[PDB]
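Let the hints inform the model, and build the full structure from the sequences given.
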Amino acid sequence: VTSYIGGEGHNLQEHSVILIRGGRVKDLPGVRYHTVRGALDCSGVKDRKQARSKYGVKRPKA
Amino acid sequence: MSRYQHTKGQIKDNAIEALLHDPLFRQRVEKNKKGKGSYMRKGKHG
Amino acid sequence: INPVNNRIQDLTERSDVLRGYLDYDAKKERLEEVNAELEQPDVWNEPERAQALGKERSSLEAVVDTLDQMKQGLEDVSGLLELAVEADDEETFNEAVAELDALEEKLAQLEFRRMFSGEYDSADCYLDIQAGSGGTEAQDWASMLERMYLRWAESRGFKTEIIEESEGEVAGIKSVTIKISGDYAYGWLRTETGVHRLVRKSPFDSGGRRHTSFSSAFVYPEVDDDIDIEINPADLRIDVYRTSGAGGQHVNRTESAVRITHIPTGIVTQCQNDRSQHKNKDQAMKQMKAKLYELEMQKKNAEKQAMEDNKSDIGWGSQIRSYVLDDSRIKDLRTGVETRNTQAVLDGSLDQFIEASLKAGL
RNA sequence: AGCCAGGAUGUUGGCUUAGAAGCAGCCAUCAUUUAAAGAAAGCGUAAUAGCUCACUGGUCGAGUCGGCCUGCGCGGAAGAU
RNA sequence: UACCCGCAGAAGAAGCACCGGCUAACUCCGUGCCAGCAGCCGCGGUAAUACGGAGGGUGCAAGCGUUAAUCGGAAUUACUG
RNA sequence: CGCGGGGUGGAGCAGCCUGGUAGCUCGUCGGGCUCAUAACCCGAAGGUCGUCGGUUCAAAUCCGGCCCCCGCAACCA
RNA sequence: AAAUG
Ligand SMILES: [Mg+2]
Ligand SMILES: [Mg+2]
Ligand SMILES: [Mg+2]
Ligand SMILES: [Mg+2]
Ligand SMILES: [Mg+2]
Ligand SMILES: [Mg+2]
Ligand SMILES: [Mg+2]
Ligand SMILES: [Mg+2]
Ligand SMILES: [Mg+2]
Ligand SMILES: [Mg+2]
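Read top to bottom, the protein sequences are chains l, w and v.
Those letters in the first sequence? Residues 63 to 124, per the authors' numbering, in order.
Those letters in the second sequence? Residues 1 to 46, per the authors' numbering, in order.
Those letters in the third sequence? Residues 4 to 365, per the authors' numbering, in order.
Hints listed in this document are in silico derivations from the structure and should not be mistaken for laboratory results.
Hints should not be assumed to be uniformly reliable.
[Said to hold, decoys possible] Which chain w residues face chain v? A few, computed with CB under 7 angstroms, are given here:
#, residue
1, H6
2, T7
3, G9
4, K12
5, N14
6, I16
7, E17
8, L19
9, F25
10, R26
11, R28
12, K36
13, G37
[Claimed, not checked] Ranges between beta-carbon positions, derived for each pair:
#, chain 1, residue 1, chain 2, residue 2, range
14, w, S2, l, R86, 16 to 22 angstroms
15, l, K111, v, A111, 50 to 56 angstroms
16, v, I166, w, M1, 35 to 41 angstroms
17, w, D13, v, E168, 18 to 24 angstroms
[What the hints assert, rightly or not] Straight-line Cα separation of at most 25 angstroms, SDA-like style, residue types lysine to any residue; simulated pairs:
#, chain 1, residue 1, chain 2, residue 2
18, l, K88, w, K12
19, w, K34, v, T215
20, v, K307, w, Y4
21, w, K31, l, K111
22, w, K42, l, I80
23, w, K33, v, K302
24, w, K12, v, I166
25, l, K111, l, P91
26, v, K362, v, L110
27, v, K177, w, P23
28, v, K204, w, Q27
29, w, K12, v, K302
Ideal Cβ placement from N, Cα and C applies to all residues, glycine included.
Rendered as structure tokens:
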């Protein structure tokens, strides 16, 4: 299949073991899946402070 | 960074030209706010 | 002496710019580490390494040395400027001027080498402009670009020649090929290869909407067409043998058929059309030559294919400039240099972009 | 012809080169201390270094050197009962 | 063990989603069809309550979101209808 | 290798037929037509006749050489 | 007579 990569910037490349979750992208032809940010080889999105759950971003400890 | 997967297959002569004749470098036409293709059924916040 | 002062002022600025582009501190550091490596007596035991390191060192040293020379010379000139002005000693002033000139020349030389370090940079080029997906608007944009390029080339002293022009059915051009002859023509233009972004309200659109149209420039140097070299009989195996089916008494005996084989490559050409062996060989020879030529062409093509594939890999990065006419601002995406004089740029003030690009090395 | 000795100085001539110190070349090819010593003929080096040579001093004590002309020979010269 | 009594001191103990419309909750800055968002409709091309951050708010709460899964809405297989 | 035919602007064709003369269709350029493009209308330009020699006063044209193309023929054992 | 944007 083909799966969308949400968020600004990703560490992904060839032979990268990833988790996909489902959910189709209306714009993209044939895309039926979203990759899960913050699971397996896929990293969380950098510098996010809101909606972090969706993007695998840990709590900014202060 | 990520590679762009062009819809040109196997480029033989010139890459730039091929890219130009691709969806990547398609024309972007603004939708009118006033004038011709200007009518909005529902507003952005309505 | 006001012009001299102005020149002095300029020179420091350009030196600073050069340093910025070079990344001077890093270079200095590299030179230092390499120097340290050099004096260690164990490094000359490995010969291949050592020569390479030496090669690396020298250029770096030159870069560094020239840079501070520039820093010092300017300062000296400034010091002597005062003397020229207030004390009114003429000979000293003249000397200072001479020194400045020398320094300027040196700077130019350094910048020259930084710029035109590539192999084909001195040669003349074919600039190829192609209109995009837009339509009439795109064609117009392409035409505009072509015009701009022509203006630029005339400006510095290059000879333009419109080789091929495909004209737009409504307005502008569909495609154009321009031969640009002159000293370091390709080196000056090679940076302009890429897709150009026009943003303006279309005059050809009936609605009058603001369009984002694209058009590609493609600069390639006029390579010298190498002579197709004569293959040596040492590289060749010539077999002679009897023909298939044949048909007669003299045919059964005679070995007219010729098999020519290239030893380095492994290509074969057979010929048995003629009765005469010699004639067959000649024909076979010709065939072999043709095959070799074809192989050469194929190899050339394959390499070329690799190159663009790599170029394709950059994708959206082939977009080099953005010509916004509505907000009145031109931006080079590669360097980051911006100007609000859009009309001036269109007329042919590309020097500001081009030079910076060259300095960058992109 | 052997044999024993020296075979230097300015000097590593500059340049262009990654380096070039007789020997990568490009080019000049000088003068010096003089018995004689090429800004170098070969080997050698990352390049120097190093090892030879040219010419010269000493020993030794009679012929010697290499061109020309010709005579006769040698190699070049491998095949199938 | 449950349970009860005493001891000390606010002490050791709050997050998650969302805020264009559906759908409860809006502004400023940053970005400029880019980056990105999105369940649908669509948002973004230099004043974005739709992107990202902040302040303010709303809903849930030791959970809160996302995905998958079934029924519902869907009278959209209608026996009722 | 032999016998023929050819090479004439961007293109495709003529003329070469007994040497002096450069034509047709399309294309190119400038107008006009349309809101614009196409079509259509008007007006122009553009050829060292593959190349090198030869002979007539004179060569696209005749003759020869060379380069390129297209046919044909390249056979009997 | 009259094709297209
Ligand atoms: Mg003999
Ligand atoms: Mg509301
Ligand atoms: Mg804003
Ligand atoms: Mg929303
Ligand atoms: Mg937002
Ligand atoms: Mg039902
Ligand atoms: Mg023709
Ligand atoms: Mg006639
Ligand atoms: Mg017209
Ligand atoms: Mg005539």
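Consistency of the hints with the structure:
no., hint, result
1, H6, "holds (6 angstroms)"
2, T7, "violated (11 angstroms)"
3, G9, "violated (11 angstroms)"
4, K12, "holds (6 angstroms)"
5, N14, "holds (6 angstroms)"
6, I16, "holds (5 angstroms)"
7, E17, "holds (5 angstroms)"
8, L19, "holds (6 angstroms)"
9, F25, "holds (4 angstroms)"
10, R26, "holds (5 angstroms)"
11, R28, "holds (4 angstroms)"
12, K36, "holds (4 angstroms)"
13, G37, "holds (6 angstroms)"
14, w:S2 to l:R86: 16 to 22 angstroms, "holds (21 angstroms)"
15, l:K111 to v:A111: 50 to 56 angstroms, "holds (51 angstroms)"
16, v:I166 to w:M1: 35 to 41 angstroms, "holds (36 angstroms)"
17, w:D13 to v:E168: 18 to 24 angstroms, "holds (19 angstroms)"
18, l:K88 to w:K12, "violated (33 angstroms)"
19, w:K34 to v:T215, "holds (18 angstroms)"
20, v:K307 to w:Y4, "holds (19 angstroms)"
21, w:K31 to l:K111, "violated (34 angstroms)"
22, w:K42 to l:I80, "violated (40 angstroms)"
23, w:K33 to v:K302, "violated (54 angstroms)"
24, w:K12 to v:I166, "holds (23 angstroms)"
25, l:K111 to l:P91, "violated (31 angstroms)"
26, v:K362 to v:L110, "holds (13 angstroms)"
27, v:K177 to w:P23, "holds (18 angstroms)"
28, v:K204 to w:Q27, "holds (13 angstroms)"
29, w:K12 to v:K302, "holds (12 angstroms)"
Hint compliance for this structure: hints 2, 3, 18, 21, 22, 23, 25 are broken, all remaining hints hold.
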